[PDB]
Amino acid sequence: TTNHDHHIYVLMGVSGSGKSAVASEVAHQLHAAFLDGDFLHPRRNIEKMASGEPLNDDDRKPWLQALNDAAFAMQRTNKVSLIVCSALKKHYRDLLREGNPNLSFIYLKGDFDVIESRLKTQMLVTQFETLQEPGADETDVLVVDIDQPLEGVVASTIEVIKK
């Protein structure tokens, strides 16, 4: 039931890296399916998040699981699928990869100053702390330079789904 011709792109990166804005535009340009993963967070996680707490590994497990099922669902009937999901850790990425050999990552990149100077500084401090940038041991990960205008980021995102 995996359609190896079909593909899922997880747009990943810290909060404020413009993930949603990119995925939406790219998806309209490409007529792709699009799922903002924030929406799948379980009520508990949002309470915690909204209250001002940063989540941990076990808060995210059930969420990542939910993204995994939705990628599977989406690759059934869409040639190209986009999922916004921060996927900060390598272990989280692995959870998304399971049973999804046709799923890969677009890492919308930038460092602390760019992002901050793009915009709660603390939230942002903790994301970068949690971020584990994917090394040479993750073959299915492409990177986009977000130190550019939205339109250029979208286009680089496009040239990478089409490369």
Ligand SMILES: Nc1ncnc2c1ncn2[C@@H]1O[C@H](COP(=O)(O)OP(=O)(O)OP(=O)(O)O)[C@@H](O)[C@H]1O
Given for the second form:
There are 2 protein chains.
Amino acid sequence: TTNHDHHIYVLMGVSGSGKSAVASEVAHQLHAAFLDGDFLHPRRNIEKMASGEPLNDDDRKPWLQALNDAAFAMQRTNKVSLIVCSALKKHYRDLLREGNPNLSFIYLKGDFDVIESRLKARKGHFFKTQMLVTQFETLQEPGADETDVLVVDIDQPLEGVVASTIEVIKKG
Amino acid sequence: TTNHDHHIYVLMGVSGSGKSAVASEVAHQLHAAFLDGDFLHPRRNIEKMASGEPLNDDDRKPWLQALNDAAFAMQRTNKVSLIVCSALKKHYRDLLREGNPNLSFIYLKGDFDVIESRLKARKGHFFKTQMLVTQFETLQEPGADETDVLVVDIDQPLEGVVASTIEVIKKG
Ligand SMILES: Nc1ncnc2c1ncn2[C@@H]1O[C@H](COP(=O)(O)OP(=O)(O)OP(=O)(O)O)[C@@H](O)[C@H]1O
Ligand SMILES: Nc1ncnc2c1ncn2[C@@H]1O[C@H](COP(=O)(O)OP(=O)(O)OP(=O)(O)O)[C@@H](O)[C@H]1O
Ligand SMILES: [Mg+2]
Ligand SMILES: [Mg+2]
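Alongside the form solved without adenosine-5'-triphosphate that was just displayed, please also present the structure of the form solved in complex with adenosine-5'-triphosphate.
What follows is the whole complex; the chain from before opens it.
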């Protein structure tokens, strides 16, 4: 049922760290399945969000379980499946891990100043520094004790992180 | 909550019509959001199918309702959203339509001989005739009364199918 020769990689990291760009390119070049985790939020969450209220860990819980389940499905028919999910808290990672031993994470790791300039570089985008601060505040970095976590250096042009991500995926 | 300025396109058609190959390349070229609808099956459907049994329409309902919420979520942040779902039965399509007035279908239309040839050209694939035959039996072509349906000619090279898809997407 779990297909141990198929693997799932959750692209994680704070907002602006490259999750969508990297994951978009990596799936293209690898012919891999690709799911953006934001699309699994229940109707409930989309409406809360539209109304400007910020989700809570109790709201994230149903979203994450659906993420879990979608990972379970993707691994039924693809050797390599990529999911985009910031996954800031260890506890979110545990919820994704459950029942998916063939799941691992690729942490797109960068420090604050690198990500900030990358967020600023978008024409017309009004940058609120506080948004990023909190991202980093919320971030619970996966340490070495989290052994299904691979880490990729973002202080690199898009092509590099894409390559490092590929290397990380192919490394076995 | 319905962003009436954003749109969702459900690429549909029988097995082998090209849904995946076309949606992939098209989302790539348009930088559109993309969801393979098979990834939204509830846990139980996956197991049921893991066990070798085919889904019945009761199984499909919650699958489709979840896909519906997924389209709902996608249109929140993407101007163009692609979803792959063969959606053969009118009923499945209504399930998708509900609460999504900004959703429409893109029918990858073509006949047996053409689809057959293509499935057969898969290297290593032992073509089983009955499969495709059942697909066509099950197909309830969207007639003119389904006004949210766009049609594309599959009897054209992939990249033309792509362009024709791109053309109907940009047509408005
Ligand atoms: N390594 C890179 N080098 C230069 N620019 C990059 C790199 N990676 C991503 N970018 C750009 O920086 C911005 C942030 O990337 P992206 O949208 O993928 O981040 P994200 O992690 O998905 O953010 P969010 O989680 O908020 O949706 C984008 O404009 C993207 O084009
Ligand atoms: N118009 C095209 N011209 C030639 N070959 C095509 C064309 N479109 C798709 N193909 C090829 O035909 C095969 C069927 O395509 P594809 O896997 O995208 O169909 P599908 O609708 O997603 O089928 P399924 O629902 O079974 O996954 C693929 O191998 C694809 O590479
Ligand atoms: Mg993103
Ligand atoms: Mg397909």
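Numbering follows the first chain given and starts at 1. Superpose the two forms; the largest set of C-alphas matching within 1.5 Å is the rigid core. Residues that one form lacks are left out of the comparison.
- Shown in the overlay between these two forms, fitted on the rigid core, is a CA shift at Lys61 smaller than 2 Å.
- For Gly52, a C-alpha deviation of 2 angstroms or more is recorded between these two forms after rigid-core alignment.
- Core-aligned CA deviation for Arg43 between these two forms: 2 Å or greater.
- On core superposition, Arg97 has its C-alpha offset by 0.2 angstrom between these two forms.
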